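4 protein chains.
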Amino acid sequence: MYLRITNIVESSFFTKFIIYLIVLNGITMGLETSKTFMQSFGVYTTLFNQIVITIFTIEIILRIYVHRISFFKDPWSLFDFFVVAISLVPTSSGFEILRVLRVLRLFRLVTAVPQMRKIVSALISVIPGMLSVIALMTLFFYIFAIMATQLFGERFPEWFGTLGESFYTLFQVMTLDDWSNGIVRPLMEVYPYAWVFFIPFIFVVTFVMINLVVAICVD
Amino acid sequence: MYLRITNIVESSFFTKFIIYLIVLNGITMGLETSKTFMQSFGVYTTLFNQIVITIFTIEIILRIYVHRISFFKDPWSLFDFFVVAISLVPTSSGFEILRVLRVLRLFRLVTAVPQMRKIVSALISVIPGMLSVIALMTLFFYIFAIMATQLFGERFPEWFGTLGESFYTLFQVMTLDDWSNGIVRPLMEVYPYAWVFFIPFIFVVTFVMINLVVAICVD
Amino acid sequence: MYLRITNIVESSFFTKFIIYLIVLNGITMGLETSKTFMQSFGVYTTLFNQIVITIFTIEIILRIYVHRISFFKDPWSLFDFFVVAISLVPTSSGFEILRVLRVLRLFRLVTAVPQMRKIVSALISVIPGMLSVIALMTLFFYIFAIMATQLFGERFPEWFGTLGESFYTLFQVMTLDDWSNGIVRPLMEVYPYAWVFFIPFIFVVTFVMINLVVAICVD
Amino acid sequence: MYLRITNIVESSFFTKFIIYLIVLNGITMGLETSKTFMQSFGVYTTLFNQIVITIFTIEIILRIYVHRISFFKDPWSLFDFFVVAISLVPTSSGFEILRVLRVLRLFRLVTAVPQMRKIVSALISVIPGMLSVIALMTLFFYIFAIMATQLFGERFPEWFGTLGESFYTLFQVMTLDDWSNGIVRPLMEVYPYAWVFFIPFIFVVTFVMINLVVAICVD
Ligand SMILES: [Ca+2]
Ligand SMILES: [Ca+2]
Ligand SMILES: [Ca+2]
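Protein chains in written order, with the deposited numbering: chain D, 1001 to 1219; chain A, 1001 to 1219; chain B, 1001 to 1219; chain C, 1001 to 1219.
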């Protein structure tokens, strides 16, 4: 039966049927957004939803008999396994985020269509050439975040009262979002010299980000 | 009579006469901004307007004889038809935006002057080389915008209550505009982990956006 | 006497004596900032100022005999002329910005020193290959600024009441400064669809601005 | 004993032991953040901290015998000296930042592990190409800041009262952070024309910065 199903699986119709289902389930989940639509046709939605999840498990079952170990060594394959997995956890218990993480299956439209795969892969491909810097930054963030927590988190615990918060705040300064009037100006009403901490910080972190951008304009 | 008018239309004088009306009508439309100017010379400029709109339809009518099916296959030409057409719809009824859309005819200074035409075309040509990325992002937005609406729209309907509002809010976070103490920090007062949605969101969407600019610094 | 003075003017001493005066006057101007320093050594600094102003006119006089027609055709020279002229307008009368524009003489350190000259010139030379785009943008701003004054100016005059006010607002949105919470969200409390005016505006204006940056990494 | 020690110091195991201590003292400093942790394991860590500091002074002493004058001419060596020297100053007297600047020793994970040094050096190397511009700007910032103080610091001393305050404000306007609603709009309720000072200031300073980024994407 193997070469029967391997012919079924590899069939354009099967792929196109899958891609068709995604773009239908995509449309379905945007309608699940409306409180109106849900009162009207929620049942229609929840069963069509449960149907699709079965069909996707069927497919993923078939897809593995036809690739075995080659499958679990394929990123894209792995992804699809993992996304439908989430979608499988019951409509109750644990963390309600799961019910929400389900919408991640609309990322299968990226996986099931090349060019997208191309583009995604084009994008991803740039990452390893950056991990040298990224690690540099995270070391930097970590070091300043600790200075911040023990320089400012007593009078300003919302922003710096905890390592986690200093990170968050330092990240915010880095996106340069409301970073003067929002955070540094106030800091200075108590600590005149907070500009000595954050102006160097800004320079470093912005400079680095410019280099990292130009690095992707080279390789 | 064809070659008579095909010599009128195709003439230098004709083109430079059209350009002369545009830069005149453009100056006329900025004087219609002032409530003062309108109480004195308002009548002058309303007629001057109807005059030019005639002249432009006369011209467009002429322009079509001289070109026929060639004309409805030229972008720049089509534009001028559509823009003058908008300028024809009576100063009443339906919606008033059409009265406001009339100011789009000053885009003819682009259409009817090279260099501008050149420069506009330079920019536009880059678009098809982005459409892979653009599509990617829209799918990304769509996925997150749905996830946000069902994670935050109950307590925070201003921002995430409707699919569209999540789109809007998400675009805002992307421009990195007051996303911290303007959206995220609030959200957190209720959903401590909301950083886990938005910090990732930010990496991806800024990352991508960096690439898309590096692409346009290659082609 | 000409070649005697033409030897004074071209003299390394003279050149370096000017450079010496600038950096001294510059330091003098940041001391004039302090209310304290002015209550102590104000008269010192006022005379030291009038002195230098003569020295710079004497020089610019000497400089002209030595160069004649050649001098009013040298950018860096013309500047130096005009910027000293400003410094000559009596410590009174007309506008008091003239008392303030006097600190533009410290832009002579750019003129009277190469490398600076080099770099400034390097920068400036990019401008002409941008005027095609800059033109395009101005037309765009002007078109959208008009629309906005006749679409939000009536209820929202602080931000769109006048053609000038809209230009400013539009410039603010373009720099993405508080554009959503500060501008578009409010607007939208009255005009639900203002987003249809601003999101496109923002795409266009930033796209164009991306190109112009890549343009200065082609040339 | 020189070659005995020159073989200890230069040894891989000595390096890998130093890197191992950094990564441990690193972890331990992010734990000293928790007030909880300090009330339980505080003594453990303060002792652990004083230990490593000796080990680092021992090492830095050893490192010097093995290199002599070659050592105080190596950036990376000097750094480690100065950072450990700070850490040597007793847990008392003076400013309190020295007790905080102590966390700068986690910058040794950069100095004493290749790849970072590479990347760091790749960064720094770019700086010399920038110092021509950087200077230009700093003359500019100095010039406008003086103008600003005498144009706006009487009504608006928070932001422009002092030469230093204007620096800071100008820096802020440059990062484009809340610059309209937060600074320039206000100024305008008193000085209608301040946009004439800040629109140009913004152009100039953003232009320059675009070049400077394009400069680094070529050299
Ligand atoms: Ca910003
Ligand atoms: Ca901002
Ligand atoms: Ca803000």
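A few of these clues could be false.
Computed spacing ranges between beta-carbons, pair by pair [claimed, not checked]:
1) B:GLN1050 to C:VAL1218: 44 to 50 Å
2) B:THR1206 to D:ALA1135: 28 to 34 Å
3) D:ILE1124 to C:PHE1017: 32 to 38 Å
4) A:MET1130 to B:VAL1196: 18 to 24 Å
5) D:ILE1019 to B:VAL1196: 54 to 60 Å
6) A:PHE1014 to D:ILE1124: 53 to 59 Å
7) D:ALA1135 to C:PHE1017: 18 to 24 Å
8) D:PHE1013 to A:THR1057: 38 to 44 Å
Taking beta-carbon pairs under 10 Å as the criterion, some of the chain C residues facing chain B (in silico) [said to hold, decoys possible]:
9) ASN1007
10) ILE1018
11) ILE1019
12) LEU1021
13) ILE1058
14) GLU1059
15) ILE1069
16) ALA1135
17) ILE1143
18) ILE1146
19) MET1147
20) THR1149
21) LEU1163
22) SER1166
23) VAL1208
24) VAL1214
Calculated from the structure, these hints are not laboratory results. Ideal Cβ positions, reconstructed from N, Cα and C, are used throughout, including at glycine.
Checklist entry - Under the criterion of a CB-CB separation shorter than 10 Å, is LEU1021 (chain C) in contact with chain B as hinted? => result With Cβ-Cβ at 44 Å, over 10 Å, it is violated.
Does the CB of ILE1018 (chain C) sit less than 10 Å away from some CB of chain B? With Cβ-Cβ at 42 Å, over 10 Å, it is violated.
Should the interface hint for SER1166 (chain C) be scored as holding, given a Cβ-Cβ cut-off of 10 Å against chain B?
-> holds (9 Å)
Tell me if the beta carbons of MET1130 (chain A) and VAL1196 (chain B) are separated by a distance inside 18 to 24 Å. Since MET1130 (chain A) and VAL1196 (chain B) have Cβ atoms about 22 Å apart, the given range 18 to 24 Å holds.
- Query: Between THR1206 (chain B) and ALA1135 (chain D), is the Cβ distance one that fits in 28 to 34 Å?
  - Reply: holds (31 Å)
Does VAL1208 (chain C) meet its interface restraint, that is, does its C-beta lie within less than 10 Å of any C-beta in chain B? At 7 Å from the nearest chain B Cβ, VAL1208 (chain C) passes the 10 Å test, so the hint holds.
Quiz item: Hey, does the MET1147 (chain C) contact hint survive, CB to chain B under 10 Å?
Solution: holds (6 Å)
Practice prompt. Verify the interface restraint on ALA1135 (chain C): the C-beta must sit less than 10 Å from at least one C-beta of chain B.
Written response: OK, holds: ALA1135 (chain C) within 10 Å of chain B, min 7 Å.
Under 10 Å is the threshold here; is the Cβ of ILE1146 (chain C) close enough to any Cβ of chain B for the hint to stand? holds (5 Å)
| message | Take the shortest C-beta to C-beta distance between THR1149 (chain C) and chain B; is it under 10 Å? | response | holds (5 Å)
For the pair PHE1013 (chain D) and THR1057 (chain A), does the Cβ-Cβ distance stay inside 38 to 44 Å? violated (53 Å)
Exercise for the section: Please test the hint of 44 to 50 Å on the beta carbon pair from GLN1050 (chain B) and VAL1218 (chain C). Expected result: Taking Cβ atoms as reference, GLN1050 (chain B) and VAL1218 (chain C) lie about 47 Å apart, which means the hint holds.
The earlier numbered hints that this structure contradicts are 5, 8, 9, 10, 11, 12, 13, 14 and 15.
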